[PDB]
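Asker: The lines below spell out each chain.
Protein chains: 2
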Amino acid sequence: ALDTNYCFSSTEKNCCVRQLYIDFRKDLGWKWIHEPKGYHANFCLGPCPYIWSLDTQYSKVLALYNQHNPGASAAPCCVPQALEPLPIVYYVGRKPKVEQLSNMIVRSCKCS
Amino acid sequence: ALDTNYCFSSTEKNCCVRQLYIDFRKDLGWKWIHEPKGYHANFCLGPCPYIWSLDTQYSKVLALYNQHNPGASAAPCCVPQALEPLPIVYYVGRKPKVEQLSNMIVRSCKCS
Numbered sequence: 001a002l003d004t005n006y007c008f009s010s011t012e013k014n015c016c017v018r019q020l021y022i023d024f025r026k027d028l029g030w031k032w033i034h035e036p037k038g039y040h041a042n043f044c045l046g047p048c049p050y051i052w053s054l055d056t057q058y059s060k061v062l063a064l065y066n067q068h069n070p071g072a073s074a075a076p077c078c079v080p081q082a083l084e085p086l087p088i089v090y091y092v093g094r095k096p097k098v099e100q101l102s103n104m105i106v107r108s109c110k111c112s
Numbered sequence: 001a002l003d004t005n006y007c008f009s010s011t012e013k014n015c016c017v018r019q020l021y022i023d024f025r026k027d028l029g030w031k032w033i034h035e036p037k038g039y040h041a042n043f044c045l046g047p048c049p050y051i052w053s054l055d056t057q058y059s060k061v062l063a064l065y066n067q068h069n070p071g072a073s074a075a076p077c078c079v080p081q082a083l084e085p086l087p088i089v090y091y092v093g094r095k096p097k098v099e100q101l102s103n104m105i106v107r108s109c110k111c112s
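Chains C and D, in that order, are what the protein sequence lines are.
According to PDB author numbering, the residues represented by the first sequence are 1 to 112, in order.
According to PDB author numbering, the residues represented by the second sequence are 1 to 112, in order.
Among these hints, one or two may not hold up.
Said to hold, decoys possible - Non-contacting residues of chain C with respect to chain D, defined by C-beta distances greater than 12 Å in every case (computed): (1) 34; (2) 36; (3) 89.
As the list claims (entries may be wrong) - Computed footprint of chain D on chain C, listed as stretches where at least three residues anywhere in the stretch have a Cβ under 8 Å from a Cβ of chain D: (4) 25-33; (5) 66-73.
Just so you know, the hints here were simulated from the structure itself, not pulled from any lab data.
Ideal Cβ placement from N, Cα and C applies to all residues, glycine included.
Using the sequences and the hints, build the whole thing.
Answerer: What follows is the structure, encoded as structure tokens:
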């Protein structure tokens with residue numbers, strides 16, 4: 001349950017959902033969307049120690065390796081698990097159209 | 001095609017598969033396997049700039065954000081894509097058994 005619900009509810013040094021806002025024009029150079037002018041994408045940050053949402057088998061061994069070998073580089077990394085859509089409005093000429101952009105918001109992270 | 005084939009033929013500063021050997025007894029404390037005594041698991045390390053194997057839409061967006069905002073933290077991370085099994089032998093009493101442990105070798109990485 002490494003979601004925005006848990007992670008935002010606390011400070012948390014391990015892998016977790018972090019606040020992030022993106023301006024469509026300032027950050028992507030997307031000049032074509034009408035609303036919103038940007039959105040809260042969030043991102044995944046934090047170390048992946050053993051027990052901490054190691055889902056795959058390889059994660060477990062890899063995390064475990066890292067314990068018995070601290071300064072290693074080799075470690076599971078914190079990445080998104082659940083992604084959610086973002087509804088927007090853009091004009092095509094002066095007809096407005098609503099599209100739903102898939103997987104734009106991270107709601108939860110994992111270690112991989 | 002960020003696989004061992006590509007990744008090992010050269011050095012590569014971006015997200016790519018990196019060599020790693022894991023000793024069952026020394027690194028995991030596993031005293032129950034007979035063969036092998038260890039194996040080459042490998043791992044995923046390296047930066048994820050734009051274009052560099054960005055799979056989900058969010059990854060692309062995140063990478064694009066990072067172009068317009070260089071030292072940003074918010075960035076796709078190098079993680080495995082393809083995992084391959086490892087065949088092993090362990091004793092049960094003195095009868096030997098042949099098992100396939102799933103997803104134990106990383107063959108390729110991606111940016112997420």
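Asker: Hint by hint, where does the structure go against what was stated? Just the numbers, ascending.
Answerer: none
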